[PDB]
Amino acid sequence: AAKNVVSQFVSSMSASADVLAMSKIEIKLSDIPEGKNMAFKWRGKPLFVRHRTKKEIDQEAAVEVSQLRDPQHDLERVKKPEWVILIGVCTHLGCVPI
Amino acid sequence: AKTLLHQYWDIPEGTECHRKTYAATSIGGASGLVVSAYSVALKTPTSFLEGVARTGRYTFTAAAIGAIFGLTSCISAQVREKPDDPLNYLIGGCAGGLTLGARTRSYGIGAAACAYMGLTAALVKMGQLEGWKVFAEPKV
Amino acid sequence: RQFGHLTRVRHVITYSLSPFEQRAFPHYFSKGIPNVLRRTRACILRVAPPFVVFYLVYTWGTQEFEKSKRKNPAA
Amino acid sequence: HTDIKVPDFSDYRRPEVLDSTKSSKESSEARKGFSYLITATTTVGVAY
Amino acid sequence: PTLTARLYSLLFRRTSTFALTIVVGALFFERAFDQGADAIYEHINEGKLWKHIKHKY
Amino acid sequence: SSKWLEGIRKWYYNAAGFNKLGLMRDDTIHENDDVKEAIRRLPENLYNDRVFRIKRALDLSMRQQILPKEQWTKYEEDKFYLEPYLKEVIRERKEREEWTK
Amino acid sequence: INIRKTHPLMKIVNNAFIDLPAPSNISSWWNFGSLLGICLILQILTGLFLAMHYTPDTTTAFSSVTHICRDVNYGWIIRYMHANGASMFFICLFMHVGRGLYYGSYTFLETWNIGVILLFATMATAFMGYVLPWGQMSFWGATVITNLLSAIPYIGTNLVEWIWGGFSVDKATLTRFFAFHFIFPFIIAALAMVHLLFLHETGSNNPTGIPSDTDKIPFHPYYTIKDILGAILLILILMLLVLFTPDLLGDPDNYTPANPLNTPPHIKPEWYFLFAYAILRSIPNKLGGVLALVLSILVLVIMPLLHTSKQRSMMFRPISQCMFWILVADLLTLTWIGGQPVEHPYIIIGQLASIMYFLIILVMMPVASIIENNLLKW
Amino acid sequence: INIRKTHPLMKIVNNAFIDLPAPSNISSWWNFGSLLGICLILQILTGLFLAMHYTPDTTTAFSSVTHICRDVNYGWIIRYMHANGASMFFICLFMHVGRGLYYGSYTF
Amino acid sequence: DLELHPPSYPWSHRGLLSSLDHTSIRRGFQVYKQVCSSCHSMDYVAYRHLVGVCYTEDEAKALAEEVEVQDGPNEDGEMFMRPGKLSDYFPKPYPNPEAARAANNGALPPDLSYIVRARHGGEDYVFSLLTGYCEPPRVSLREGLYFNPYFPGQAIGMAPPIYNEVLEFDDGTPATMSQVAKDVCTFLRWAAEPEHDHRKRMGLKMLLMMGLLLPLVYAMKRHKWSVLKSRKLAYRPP
Amino acid sequence: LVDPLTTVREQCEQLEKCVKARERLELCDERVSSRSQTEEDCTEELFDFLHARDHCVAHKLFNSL
Ligand code: HEC
Ligand code: HEM
Ligand code: HEM
Ligand code: HEM
Ligand code: HEM
Ligand code: FES
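Chains as they are written, first to last, in PDB author numbering: chain f1, 50 to 147; chain AK, 1 to 140; chain q2, 2 to 76; chain f2, 2 to 49; chain i2, 3 to 59; chain d2, 9 to 109; chain b2, 2 to 379; chain b1, 2 to 109; chain c2, 2 to 239; chain h2, 13 to 77.
Pulled out of the complex, with its shape left as it was, chain f1 reads as follows:
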């Protein structure tokens, strides 16, 4: 009975059921010229939607594979060379990488 009450208190401190109401998002892409990263809030996190530049596509194509701590090739993650969508969150601690 004590651990039932302990679980009652832990689950009371766990999360809020209306905050459990997350959603999906629907983003329009024609107001976004080249090199522009628009940050739409969703899930309490930044949603970066960026139309990059082609000069930075040269600067990313000149990024080497096997000299990094984790090679994740840009073609192996996204669909287009100049469009990219991220959770705008540095996985260290969750800042806004500007």
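The set of hints was computed from the structure by calculation and includes no laboratory data.
Idealized CB from N, CA, C, for every residue including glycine.
Below are the PhoX-like pairs computed for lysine-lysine, each with C-alpha atoms no more than 25 Å apart in a straight line:
1. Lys217 (chain b2) x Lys28 (chain d2)
2. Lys222 (chain c2) x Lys217 (chain b2)
3. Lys63 (chain d2) x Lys6 (chain f2)
4. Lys82 (chain AK) x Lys72 (chain h2)
5. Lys58 (chain i2) x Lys62 (chain c2)
6. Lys11 (chain d2) x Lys87 (chain d2)
7. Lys11 (chain d2) x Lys43 (chain AK)
8. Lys68 (chain q2) x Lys82 (chain AK)
9. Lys77 (chain f1) x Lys128 (chain f1)
10. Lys311 (chain b2) x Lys63 (chain d2)
11. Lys62 (chain c2) x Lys53 (chain i2)
12. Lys6 (chain b1) x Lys6 (chain b2)
13. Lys6 (chain b1) x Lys44 (chain d2)
14. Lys233 (chain c2) x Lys32 (chain q2)
15. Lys72 (chain h2) x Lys29 (chain h2)
16. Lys269 (chain b2) x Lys68 (chain q2)
17. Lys70 (chain q2) x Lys269 (chain b2)
18. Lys72 (chain q2) x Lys104 (chain f1)
19. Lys28 (chain d2) x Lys230 (chain c2)
20. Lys73 (chain f1) x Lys128 (chain f1)
21. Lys225 (chain c2) x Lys217 (chain b2)
22. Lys44 (chain d2) x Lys217 (chain b2)
23. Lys50 (chain i2) x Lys206 (chain c2)
24. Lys68 (chain q2) x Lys29 (chain h2)
25. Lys95 (chain d2) x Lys311 (chain b2)
26. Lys230 (chain c2) x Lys32 (chain q2)
27. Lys94 (chain f1) x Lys77 (chain f1)
28. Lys82 (chain d2) x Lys233 (chain c2)
29. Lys63 (chain d2) x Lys227 (chain b2)
30. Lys378 (chain b2) x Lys95 (chain d2)
31. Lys72 (chain h2) x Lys50 (chain i2)
32. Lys269 (chain b2) x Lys287 (chain b2)
33. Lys28 (chain d2) x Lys311 (chain b2)
Residues of chain c2 clear of chain h2, computed beta-carbon distances all greater than 12 Å:
34. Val36
35. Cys37
36. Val46
37. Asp72
38. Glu76
39. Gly78
40. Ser88
On the provided structure of chain f1, position chains AK, q2, f2, i2, d2, b2, b1, c2 and h2 with the ligands as indicated by the hints.
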């Protein structure tokens, strides 16, 4: 030697700091070894441990005065932000004379050393600031 | 800890005088000023060489900041 | 044990009590009042 | 010095007399000192406050 | 050689500071219970002199004032009295440990 | 006989704060215990009036703090007094910690353990109260430090989801931190009484480290008037700061509303955390970093288990005092490292200074202890 | 010998809980001291979790308590523990006082 | 890039015991209501805060009556607006920050309650920002973005009224550049600190009470401690 | 209608290391303009002497206000 005094004065003064104090300690080590070399030539210590002790005292004290001179040079130059006076090195020479009197452990020598080392240091920087040549023209 | 069973002392006479018949500041600018200068003599040789070394590293750190953020290339 | 003498507090005594021959009855009220008046002005400031 | 001695004899002998003494002293010096403090604060500006140019309009 | 180490010792004894409050070497010892046994086992006269020197030291540090030049306990004439007694107390400590193990 | 030793409340108070046999030669640095107590109860009072004028919600928080600083009269000095009182609290607290480290008073073991518990409690209180204004610096410091708590694997992620009250920094996080910034200083006050309890049992400590049980005076009326002098010095510095420079410790990033989008590069925490926040981004390892931080304050736990020198003072040792003042300069260097942005040279000297921190403590103070233990025939 | 008798906290614990010489005669009408204590810290606990999930403003007060009724997991039982624990608390406080007035402990 | 360091000026209120020029605050609010109350919003001041600072009560009430409110519900419940006299904030020329962002080249204008204290530098930064407009050595110049060195990134979507829209002051003071800019920055210093004159009053009262209280406490401690400074010890054995 | 701001701005920088840094700026500006489309843009100098001139102007600005 000309190389290390040239290294001391080539620093813009100015602040490029702690190179100034390293050069000043090298000046002090050289001058202490010079005067101690004459002294160990002209005293005959016996024992030789005393000879090393006297040379160590002379080198250590001249290096100490060089360090303290360079330290208050650097600090006064950074604080006053007016690198052209001799007043900051007047503070320099007085501080060096005070710690000379500290490491010989009497205070009147420290007082007169403050006065004369301050006057000489103000004149040294001031003469560099106008430009009075080393030892000669020697033209006409 | 109570007050009275601390130790055993013989052979000691403690004189002391009332607060009223003595004065407030006996030779305050006459002995207290060499007193504080002697206290400062006992410490600064082994207090300052941390702080000035910190200070020169601080100046050098701001120096590296400015000269390495402002680069002046050849172009 | 009769050779217990006090070291003299002539460096520390007040100017009314530096005289080791005049009586200290008519010197009492002024001295005690001056100390208590300093305490009173302190208490006035703290109460303010 | 007897003026401090007679001050001791009048106002410092008794306890509640001492308390009533510091009551009257703190109140009067409170009043006069706040007046003097505001006077010094207006003297150190004399042309910057709102009060004088609000009544000269 | 051996003369130089002793000179370092003399310098350090002067720069330590506990000769400026008139103390001696065996009066600054930090108390475990072995120190408390060694303080318990002292002869009476040196115990009285110990408490007098300690009480003058606490007085002078209360008014934060150093003794004159002349009353400083000069080097290697101080009595090194505690090291026999404390030595034997630590010896009996080692004896208990080596007997019960 | 006397009510002061018959009435049972006054039995404890008369054996605590009146007839307490302190030694006779206390210097300036032992006032700081009373100063920490007075800072604490002034914190409790100013926070109480703050709690009477505050509405805690992410929609309403900055509006309400602005409302306090404008309309409710004298609340501007109540707010500024609470902030700078926390500042003076931590200055007095590091002085009291430094005293206890310096004069060899760390031999008092369970007192010292109770001390470290008090130190963590004050750090948690200051952190949560600094979340409370709900500005930009508040918001991003909150998110940074909570994911730093998430650095521990397999439970710490869910632990951080648990202490959020949400999936991000939400309203629920704000009211959780309001409740704990309220309730922790009472725990601090009770543990302060426990600290004082063990101290009264074991005995106090003179400056010279000599066992000073031959020259006691009672606590009244000597140290009472000494600590009232100290409290007036506190009020002096505190009113000087809250009436002449409220911006000497104020942050320009706090006074904007919490934009969850902008995140300026001015990202430093509250300033007296910067002795330890700099270590946390010194080592380029996440779990290793947060373990290194907790291990720094655990080094402050396991301080007394390294004293082996035979005299407990450091007025009577040069070399240990030298390394201790290098330790003071090292802490100030680390705070300055925390108060500067991320580059190459700052990272060089920050790594050097954190290694010098642990190198002073775990090596140099025991090596000096051995060398004076060997130097004077001990 | 024992940590219970010499440790400076545990002397207070020894004189509090272990070795209080009580009379060997009291029936259940003397329970209410510790009962009021457990009621009191249970009240503190329920109210603490309440104030974790509560916003004090007349715009948002009843909506916040409604939120405790709806979205906090077991929030309705935490709110009801606080309310009826207060009611139990005042019942037991009158029981404590009725004892102390009946059985003559009011000579203290 | 760089951060251009702002200067430090010999202000009227720079010294630690100065007031603020209330006449300068009056004309600063005048400049605010002319030009600066179009882009920037300053919600956290009401009209009643001006009632004893730089405007009289009646003049400021008419000034608040100059601007409509769009108050909330009435008897029917839908709409009406209000004259607005005294319980009244300064009404929000941009309702949505998205609408504010849309009305310019992005870049929503900051709110002007806590600017002087919240921008890494006081009113010096606002002044030198306001006056420092100049021309670039070939930056990208994205179509609407004025170069200005007193800003990180230097690209500013704010037109300078630094002489533009001279507004015909209510007295006849010359409508030059430094005059209008310094007086509206003085107004913004006031709007950040509604306690400044009062706080330096209490600071001076504290100065006098600590210059008049502290040496007496120090003397009393030295008096009661004077026993222990004068006690002298002596050794009696057999 | 003439502000004293432009007056003291004109007035402070008669002969100065501000003017020396203007000559430094025009030297790197001729390097920029006489080399077609490289990276270096001669902007560091522009910042640092406009700081210098605004400080020397700020030294005596509040006279005729
Ligand atoms: C619309 C045009 C105006 C007008 C009439 C004024 N400002 Fe300015 N302002 C505007 C924008 C769109 C922005 C944001 C873009 C940017 O910051 O580059 C700003 C910015 C400011 C700031 C912020 C500076 C900072 O971030 O440190 C300030 C302090 C500011 N504006 C002040 C200000 C004042 C006092 C005005 C009246 C004279 C004023 N602005 C007019 C847009 C506009
Ligand atoms: C239990 C007593 C306390 C209460 C009720 C309390 C209440 C508050 C409140 C309401 C705030 C927000 C006000 C504001 O930030 O402008 C606050 C802020 C703060 N409190 Fe406390 N507090 C208490 C004790 C403490 C203590 C003991 C400390 C630590 C010394 C502390 C440190 C802080 C800090 C650092 C802030 C942030 C100040 C700021 O950003 O303005 N508080 N407190
Ligand atoms: C919550 C904050 C703290 C408060 C309010 C506090 C309060 C006090 C007080 C009132 C004293 C007695 C002062 C005296 O006798 O002169 C004291 C003594 C002491 N405290 Fe703390 N303390 C705190 C935190 C700490 C911490 C973190 C430590 C370190 C672990 C510590 C270690 C000590 C020590 C060693 C003493 C003995 C002083 C001596 O006799 O030398 N305290 N404390
Ligand atoms: C705040 C609520 C109270 C608590 C928590 C409380 C707690 C206690 C406790 C723990 C005891 C000792 C054990 C016991 O006798 O039950 C006690 C005894 C007592 N209480 Fe209270 N009490 C409270 C309120 C009161 C009140 C209002 C009175 C009436 C003035 C009162 C009068 C007494 C008396 C006379 C005793 C002695 C009874 C005895 O031990 O024989 N208590 N109380
Ligand atoms: C310090 C600890 C306490 C906290 C933090 C606390 C907190 C709260 C809060 C937030 C509420 C409003 C929520 C609600 O009731 O809907 C509340 C209500 C209430 N509390 Fe407490 N409380 C505390 C202690 C107590 C105690 C000791 C009692 C008395 C036994 C008590 C009796 C009540 C009552 C009767 C209500 C009204 C309940 C209702 O009608 O809804 N509280 N408390
Ligand atoms: S680097 Fe630490 S959070 Fe992005």
